[PDB]
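Build out the structure end to end from the sequences listed, making use of the hints.
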Amino acid sequence: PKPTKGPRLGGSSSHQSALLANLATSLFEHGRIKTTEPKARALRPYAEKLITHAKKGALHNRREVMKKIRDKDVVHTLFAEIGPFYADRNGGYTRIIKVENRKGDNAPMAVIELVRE
Amino acid sequence: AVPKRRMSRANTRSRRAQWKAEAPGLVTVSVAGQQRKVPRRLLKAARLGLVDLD
Amino acid sequence: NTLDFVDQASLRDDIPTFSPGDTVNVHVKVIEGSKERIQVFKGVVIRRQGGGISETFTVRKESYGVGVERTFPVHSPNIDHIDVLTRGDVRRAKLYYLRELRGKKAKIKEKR
Amino acid sequence: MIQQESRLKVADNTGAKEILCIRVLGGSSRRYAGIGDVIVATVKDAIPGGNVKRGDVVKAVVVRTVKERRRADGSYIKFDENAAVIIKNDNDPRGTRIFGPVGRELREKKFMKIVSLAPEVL
Amino acid sequence: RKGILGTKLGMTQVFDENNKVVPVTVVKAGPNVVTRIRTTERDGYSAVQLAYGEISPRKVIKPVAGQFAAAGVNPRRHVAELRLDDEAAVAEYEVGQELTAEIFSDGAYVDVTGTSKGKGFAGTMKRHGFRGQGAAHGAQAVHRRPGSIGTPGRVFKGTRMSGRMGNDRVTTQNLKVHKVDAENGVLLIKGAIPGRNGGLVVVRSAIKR
RNA sequence: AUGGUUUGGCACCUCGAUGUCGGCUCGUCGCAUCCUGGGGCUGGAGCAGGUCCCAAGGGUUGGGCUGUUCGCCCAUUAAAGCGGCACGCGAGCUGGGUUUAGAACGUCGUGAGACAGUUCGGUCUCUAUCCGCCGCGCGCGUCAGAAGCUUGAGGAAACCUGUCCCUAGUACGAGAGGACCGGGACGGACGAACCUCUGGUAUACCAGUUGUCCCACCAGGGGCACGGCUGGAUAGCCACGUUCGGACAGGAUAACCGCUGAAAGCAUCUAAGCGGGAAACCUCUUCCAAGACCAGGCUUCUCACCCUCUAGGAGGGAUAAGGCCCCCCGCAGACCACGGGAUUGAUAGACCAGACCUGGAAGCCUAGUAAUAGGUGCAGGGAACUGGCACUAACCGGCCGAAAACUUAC
Numbered sequence: 002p003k004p005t006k007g008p009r010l011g012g013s014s015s016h017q018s019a020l021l022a023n024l025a026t027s028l029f030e031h032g033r034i035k036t037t038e039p040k041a042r043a044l045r046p047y048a049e050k051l052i053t054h055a056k057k058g059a060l061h062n063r064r065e066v067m068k069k070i071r072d073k074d075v076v077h078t079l080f081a082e083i084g085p086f087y088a089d090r091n092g093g094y095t096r097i098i099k100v101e102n103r104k105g106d107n108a109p110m111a112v113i114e115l116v117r118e
Numbered sequence: 002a003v004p005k006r007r008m009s010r011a012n013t014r015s016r017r018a019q020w021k022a023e024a025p026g027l028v029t030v031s032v033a034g035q036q037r038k039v040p041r042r043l044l045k046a047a048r049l050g051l052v053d054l055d
Numbered sequence: 002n003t004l005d006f007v008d009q010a011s012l013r014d015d016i017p018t019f020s021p022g023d024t025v026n027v028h029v030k031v032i033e034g035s036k037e038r039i040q041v042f043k044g045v046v047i048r049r050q051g052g053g054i055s056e057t058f059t060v061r062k063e064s065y066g067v068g069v070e071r072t073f074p075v076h077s078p079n080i081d082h083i084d085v086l087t088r089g090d091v092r093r094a095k096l097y098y099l100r101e102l103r104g105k106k107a108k109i110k111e112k113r
Numbered sequence: 001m002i003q004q005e006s007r008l009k010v011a012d013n014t015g016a017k018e019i020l021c022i023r024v025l026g027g028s029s030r031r032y033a034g035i036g037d038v039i040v041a042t043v044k045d046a047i048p049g050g051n052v053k054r055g056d057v058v059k060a061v062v063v064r065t066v067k068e069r070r071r072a073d074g075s076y077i078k079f080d081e082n083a084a085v086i087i088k089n090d091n092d093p094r095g096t097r098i099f100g101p102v103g104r105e106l107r108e109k110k111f112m113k114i115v116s117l118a119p120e121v122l
Numbered sequence: 003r004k005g006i007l008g009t010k011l012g013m014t015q016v017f018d019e020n021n022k023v024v025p026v027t028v029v030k031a032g033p034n035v036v037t038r039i040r041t042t043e044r045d046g047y048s049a050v051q052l053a054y055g056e057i058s059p060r061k062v063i064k065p066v067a068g069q070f071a072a073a074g075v076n077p078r079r080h081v082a083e084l085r086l087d088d089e090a091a092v093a094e095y096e097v098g099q100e101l102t103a104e105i106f107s108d109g110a111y112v113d114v115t116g117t118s119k120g121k122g123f124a125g126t127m128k129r130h131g132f133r134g135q136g137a138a139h140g141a142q143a144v145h146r147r148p149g150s151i152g156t157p158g159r160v161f162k163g164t165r166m167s168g169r170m171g172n173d174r175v176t177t178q179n180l181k182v183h184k185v186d187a188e189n190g191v192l193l194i195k196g197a198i199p200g201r202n203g204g205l206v207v208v209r210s211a212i213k214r
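Residue numbers (the deposited numbering), protein chains in the order written: chain Q, 2 to 118; chain 5, 2 to 55; chain S, 2 to 113; chain N, 1 to 122; chain F, 3 to 152, 156 to 214.
Worth flagging that the hints you see were computed from the coordinates, not collected in a lab.
All C-beta atoms in this analysis are idealised placements derived from N, C-alpha and C, irrespective of residue type, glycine included.
Hints may be right or wrong, so weigh each one.
A short list of chain Q residues far from chain 5 (calculated; beta carbon distances all over 12 angstroms) [to be verified]:
(1) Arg33
(2) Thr37
(3) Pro46
(4) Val100
Incomplete in silico selection of chain 5 near chain Q, CB under 8 angstroms [said to hold, decoys possible]:
(5) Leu27
(6) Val28
(7) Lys45
(8) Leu49
(9) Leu51
Straight line, CA to CA, 30 angstroms or less: simulated DSBU-like cross-link-like pairs of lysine-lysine [what the hints assert, rightly or not]:
(10) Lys30 (chain S) to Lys59 (chain N)
(11) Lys9 (chain N) to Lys106 (chain S)
(12) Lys43 (chain S) to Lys53 (chain N)
(13) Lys6 (chain Q) to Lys128 (chain F)
(14) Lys78 (chain N) to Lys30 (chain S)
(15) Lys61 (chain F) to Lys62 (chain S)
(16) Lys61 (chain F) to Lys119 (chain F)
(17) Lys30 (chain S) to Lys22 (chain F)
(18) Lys30 (chain S) to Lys110 (chain N)
(19) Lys67 (chain N) to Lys110 (chain S)
(20) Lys3 (chain Q) to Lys95 (chain S)
(21) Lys78 (chain N) to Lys106 (chain S)
(22) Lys109 (chain N) to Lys128 (chain F)
(23) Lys67 (chain N) to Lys128 (chain F)
(24) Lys113 (chain N) to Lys62 (chain S)
(25) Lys36 (chain S) to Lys62 (chain S)
Here you go:
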């Protein structure tokens, strides 16, 4: 999606890519994760488009997701329940909740989760 | 460059008074019945039970 | 494409379908001391930069030992008619590598 | 775009093969010479039996440029080399034969003889 | 001098009858409603005030709504003043009268006024076109700095040094109106007019041509 | 006679430190004017000059040689001005020259050594306190609290110029040559705005490919190697690109040309007066501008409710119009500010569609021994642009914020 206007997240583009892929993996594995608010803000569109690929689940879309996720159990869950669960919802698969600031560096924290309504 | 002169007390205090912290605004919320103050940025999280209230 | 209502008034139909790689001859009207004539430019379409009204295409030809490139707006009224001779078989969208090739190496496969 | 210390091939049969641009005539502190501009040039390479000699300071006109040049009607013309034709003060070629195509800009600049002598004008 | 408020839409390409290309900027000279007359006997200067843009009535604050009601017209987003020369010139406008695009004619010369794009904090190289220092031959960390600042040991006022750039009202003079499309209220102005797409502009008859 | 721009003379200033030449970058001022502007006499026929008055608005090139300034030269140009400001500018840069220690040549000295003689090499430190200057905010003020739109005292910016075409090959001139005045087009340099075109860039785009490791394996992919390397590359930013600008007109004038005429019966552009007269000056063009303390103007909105001391004034509280914070954002941005949205919603994301970029996905089938090719199929993939769509987030919310009166006149 839209590339970051400013400097990258992990300190380099490759690190940011790895960070985003890992964060999406954890999100789909657990259902909600807690991280710094810029990280969740950057994570929303990425995970939403992976879920979009999973919604129309074909071999081509499966390979498209695997070229980013790298974790086969997570891919299986994504194409077995997460995809079919959001069959009749058009976008907005995730929501962001702002939570209390971190203690060590006062970094704004936020919790990103999948909607289950 | 190095300071050529020692600052007088008036100038030092006048510049130093700008280094201050602002008070966050707090709004009321009902968690487990009891009313308590929370920043409005954390209102939804408090309503969802995601912030520790001591 | 908000400016589309403005654009379509000047948009020009009858334009043949062609792609980078085809060999075409462009009938270009010129002015030679206040009289009209059509000068035909026959060459290889090496690029096409889509813009709607601002669409441009580039035709490259070899003439008297010097390569020449000409860029025309696709909907330019200065072009009375474009005729496509052959269809070329290429793997790119822009054929800039042809600027360094002469004669035998500069040939283009034919779509059969 | 031809400027000082730039090298151009000669599209004539004067015996000169290659010239170096010394000045771009047409106004003080002028920078670039396009198609149809007159430059002061010095001959760097010459045919051994030609009429001109190395180190002659001559006047030439640019007839081809690598940098594409816009035209009034929004079309562009681009060649593969920078070429010049040596002229005299009356804007006629010092040679008798022009090699390779030339641009249409030589018409509005009143280089009628060069245009007529050229194999083809684009 | 005629005038109108408009909006910059973008730039495109057209061809005139000699087949030459004309790069034209599209300006939405939308309908303007005259809201107030400035008169010498009342304000000391003669000018006419125009309103432009469409806005929801629940967005206007009470003072603005009261002013528009006193005028007798429904509120608009933007308000601006056109300064005329004398009462004979301003006699031809009256409150509630609607100005549209056809006040201009083909081939007319106009003066577009807009707010330039923002460029942020800019160095002297970009803000003022300062030539840089050498990138090699020993130059030490001076590749882009202004250099000297130059008896009283004082930096004279007006020093062209770095600072914020852009975001200023700019007038471009003697632009030719290639076409006045009356159906869409669109002016086709040959050239580039200041500001970003969707910004407010003022189109006035040229003061020089 | 001027000046302290040249060498000087003095030693008043600094030895408990005032960087020494050129060059780069950036200036500012003078006019003793190089071009452009207005003039006059010409030993001025016209052209072109000579010389001289006014005139400082703008402009005043790129290279070769030398460390150089200086200077000579090469091409141009309308022109390639002369100077002041620590012979401007090293807490802005350089270190080529000069000015430490190494070494050599010539010369001087018995010698250590020396030479306003030469030659090669040879550390240029610093986090900006104050003034100054460029930008940006916070507070208060402008006699109630607010909000729109503005006048402008006063400042700032800009001011360059060529060639060609008509008039006219006429005036003049033995001829050659060669016009005045006035219109038009196209240029050079400089500046501003902009991204339709051209071109550059592209660290979440598409494709190709090398080495290696992994996804059990094939297929298909992924990590690392400058984004591994290559071919393209929309948006944004930009110039090498596009468009526009220097005006026109008025006023007072300079050198100057004059009109009407005294003292001084004539004369005298003058002491009274009245006119013409320049890129200089004032307006005119663009921009900032009411902290312009004389703190402006035209409007519009709220236009009211308590408590306390002692009723004099004050203090406190709660409100209106409105604003801010929190929130969603921006092509606005260091922060701040600015601008837009906030469920009565298209502000951002997602989703759908289009535009555009790439260039024919996977799987399957067919052909080939295989490399690989064809069909399915303008395929698949995808960011910025555009239009739809409340699916997700803009929230059952906090803080600020409105009137002593008097005098005179009507």
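- Message: For a C-alpha distance cap of 30 angstroms, please report whether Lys30 (chain S) and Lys59 (chain N) respect it.
- Response: violated, 33 angstroms
- Holds or violated: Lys67 (chain N) to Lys128 (chain F), with C-alpha atoms at most 30 angstroms apart: holds, 26 angstroms
- Pair hint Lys36 (chain S) and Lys62 (chain S), alpha-carbon separation not exceeding 30 angstroms: Distance of about 26 angstroms is within 30 angstroms: holds.
- Item | Restraint status (C-alpha distance of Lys30 (chain S) to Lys22 (chain F) at most 30 angstroms) | Since the Cα atoms of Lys30 (chain S) and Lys22 (chain F) sit roughly 13 angstroms apart, the hinted pair holds (cutoff 30 angstroms).
- Is it the case that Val100 (chain Q) keeps its Cβ farther than 12 angstroms from each residue Cβ in chain 5? Nearest chain 5 Cβ is 5 angstroms from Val100 (chain Q), so the label is violated.
- Starting from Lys9 (chain N), check that the Cα of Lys106 (chain S) is at most 30 angstroms away, please. Cα-Cα ~25 angstroms, so holds.
- Holds or violated: are the alpha carbons of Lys43 (chain S) and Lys53 (chain N) at most 30 angstroms from each other? Cα-Cα ~39 angstroms, so violated.
- Task: Decide if the proposed pair is consistent with the structure: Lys30 (chain S) and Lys110 (chain N), CA atoms, cutoff 30 angstroms inclusive.
- Result: Holds, because 21 angstroms separates the two Cα atoms, which is no more than 30 angstroms.
- When the nearest CB of chain Q is found for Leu51 (chain 5), is that gap smaller than 8 angstroms? Holds, because the Cβ-Cβ distance from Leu51 (chain 5) to chain Q comes to roughly 5 angstroms (cut-off 8 angstroms).
- Query: Hey, does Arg33 (chain Q) actually stay past 12 angstroms from chain 5 on C-beta?
  - Reply: Non-interface label fails for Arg33 (chain Q): nearest chain 5 Cβ at 10 angstroms, not farther than 12 angstroms.
- Does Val28 (chain 5) pass the interface check with chain Q, least Cβ-Cβ distance below 8 angstroms? violated, 14 angstroms
- Task: For the pair supplied as a hint, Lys61 (chain F) and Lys62 (chain S), confirm whether the alpha-carbon distance does not exceed 30 angstroms.
- Result: violated, 62 angstroms
Checked against the numbered hints given earlier, this structure breaks hints 1, 4, 5, 6, 10, 12, 15 and 22; the rest are met.
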